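If you scroll down you'll find the structure; I have some questions about it.
As you look at this complex, bear in mind that one protein chain is not there, while each of the others sits in place.
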């Protein structure tokens, strides 16, 4: 798993379950091409987005659909989504975990990057 | 001042000074059109981006150029930039402060919306 | 104003108003002695805690009563309070702002230290 996403809910003190995530990769024409998508599990984790072969060098955008998440729980949140944009694999293959901690008017995101 | 941006540096414990910030408004065709921009001041703040008359309801994106900030400090960062995307709503309070707290591999952001 | 405290609410997107804050200074016997206290204002800020003359080098603790804040909003929170413990250092910049961003099961805190 070269790319994993983990989402936590700071209101409930729980994993954020069933959060939609869309990943894009910048193409040669500078547009955002759809790359992979999925949703978080009961553990707040999303695995299996991509493979070592497919996850080449590039600029990637991980869009976490926080608004849709909060609305389903009866909260009208501030943000449309949380976007995480980064260059990947520019010094060879790495494993990336993108973590996000969500509140209705705030989020934090961090990356853990390891060398296989 | 319906929209203010404040940026802080979690490594040095200081305002993040001279950070480029670009604001975009989402157009009818879903593209992002430039709306306003500037650089944070010595206090890490950017005022005067827009006016009440111009800041109508709509979807806005605030892009903070965090990569350039870290590179100028000799620090290699993770993100290309920080992006804060939100809907302006007239029902809610009138003044929006978008705050961002920056680390090389992490950022947080919150909105303080008041009257 | 060598020491200011600012508290924000990440659920409502607002200042955290009327939050009790207590500051302690560590004594020679390692106990925490009361130093200053107050409640945050309508802007979520607490000014006037101390003076330059009184705020000497030492270890300080800022306790923010987050539990009472959430309970007053009908929300069950995790922490008893938020505690920020730090050393005041004369070598560094003169003004300390301790900021805290509150959620029911999480808080963040940063220091903005300036001249």
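Each chain carries a letter (A, B and C) given by its place in the written order, and its residues are counted from 1.
Methods note: contacts are C-beta pairs under 8 Å (C-beta built on N, C-alpha and C of every residue); 3 or more make two chains touch, one makes a residue touch a chain.
Touch, as defined at the top, links the missing chain to these shown chains in the whole complex: A, B, C.
In the complete complex, the hidden chain is touched by one of C:27, C:56, C:75 or C:85, namely C:85. Screening C:55, C:69, C:70 or C:107 against the full complex identifies C:107 as the residue touching the chain left out.
Chain A residues in contact with the hidden partner, per the touch definition given at the top, are 8, 10, 13-15, 99, 101, 108, 110-114. The missing chain lies against chain C, touching residues 59, 78-81, 83-87, 103, 105-111, 113. Counting the whole complex, the residues of chain B in touch with the unshown chain are 9-13, 78, 101, 103-106, 108.
Throughout what follows, only the chains that are shown with their structure count from here on.
Overall, the chain located most centrally, as judged by its C-alpha mean against the mean of all protein C-alpha atoms, is B. Measuring from the averaged C-alpha position of chain A to that of chain C gives a distance of 32 Å. Averaged C-alpha coordinates put the centre of chain A at 20 Å from the centre of chain B. Averaged Cα coordinates give chain B a centre that lies 25 Å from the centre of chain C.
The set of chain B residues touching two or more other chains comprises 108, 110-111, 113.
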